[PDB]
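Here is how the chains run, residue by residue.
2 protein chains.
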Amino acid sequence: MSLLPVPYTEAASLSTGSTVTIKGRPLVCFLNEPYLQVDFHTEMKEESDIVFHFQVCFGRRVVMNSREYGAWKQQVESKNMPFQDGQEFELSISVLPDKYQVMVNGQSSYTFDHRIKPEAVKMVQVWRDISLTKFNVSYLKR
Amino acid sequence: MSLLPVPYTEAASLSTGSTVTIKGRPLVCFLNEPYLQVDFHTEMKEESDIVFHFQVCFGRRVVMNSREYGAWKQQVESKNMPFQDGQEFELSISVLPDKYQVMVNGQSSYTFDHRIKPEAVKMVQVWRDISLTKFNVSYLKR
Ligand SMILES: OC[C@H]1O[C@@H](O)[C@@H](O)[C@@H](O)[C@@H]1O
Ligand SMILES: OC[C@H]1O[C@@H](O)[C@@H](O)[C@@H](O)[C@@H]1O
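Residue numbers (the deposited numbering), protein chains in the order written: chain A, 1 to 142; chain A', 1 to 142. A prime marks a further copy of an entry chain.
Same shape as in the complex, but just chain A:
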């Protein structure tokens, strides 16, 4: 169905029990090393701080970090690569009490402990070398 704009920006609120659901596909083959980035921002401004930075180099690695008062903190690097060459992916990011949990196509794949309270989030941006068909933030919980 219909392609969403990329870069994709949605005003957002997160707390324990929130889920962020993303369906998309890499624009090109893994040999060409397309990226995916998901940033949970503290303001609508793109230069604002990032509570949770998630950056996939498809076929190679994933880095997670925070950007706090304009400065990148301690990088976490994973070689875990559940994404499949040439395939649509479904990404879901759950806000648990102590961490973000990243599911890829239904499989727990990455976690990242909260450095800043999730309530600081005001915006989610999804960008780099993908098409997007679906984006949702859940708002069911108190």
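A few of these clues could be false.
Heads up, simulated DSSO-like pairs for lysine-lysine below, C-alpha to C-alpha not over 30 Å straight-line [unchecked claim]:
| no. | chain 1 | residue 1 | chain 2 | residue 2 |
| --- | --- | --- | --- | --- |
| 1 | A | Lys99 | A | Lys79 |
| 2 | A | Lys79 | A' | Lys45 |
| 3 | A | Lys134 | A' | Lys99 |
Just so you know, the hints here were simulated from the structure itself, not pulled from any lab data.
Assemble chain A' with the ligands onto chain A, guided by the hints.
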């Protein structure tokens, strides 16, 4: 004027005296590290070999390489960064006898010696985190 599709693909031929002219802008601020990539390919297929790979991490560095029978060769890394935060750029890549020369906004900025004859080029792709308003390959010379 009118935005070209990104990723941008044009069938191309190059030889000594050819110029490739690119006008675009980074989609986001340099703090968010948008990329630009220009690949001179040996076939229309995106998985084909790359005679000249040019990859800008805006505000940080540039890497140049070739991908030959599916394998990346010796990386050349530059910290030269003439690109200006938030600005439109004009990139021109001249095919000289012994190298590619990269001009940024009229300023000689990078060169890369031919590893494969430029006549092997059949396609140029321009992609990653930019908008494009202009792309030209010159065809004036014998
Ligand atoms: O300069 C190093 C920093 O650069 C940024 O682009 C992110 O990749 C961070 O994860 C990293 O710590
Ligand atoms: O694996 C290392 C290689 O990876 C590719 O993505 C390019 O960046 C090459 O310049 C580099 O040599």
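Checked hints:
Between A:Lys99 and A:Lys79 the CA atoms are separated by roughly 19 Å; this keeps the pair inside 30 Å, and the hint holds. Our distance criterion of 30 Å between C-alpha atoms is met by A:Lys79 and A':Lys45, whose separation comes to about 28 Å. At roughly 44 Å between alpha-carbon atoms, A:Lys134 and A':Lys99 are farther apart than 30 Å, so this suggested pair is violated.
This entry does not satisfy hint 3, going by the numbered hints stated previously; all others are met.
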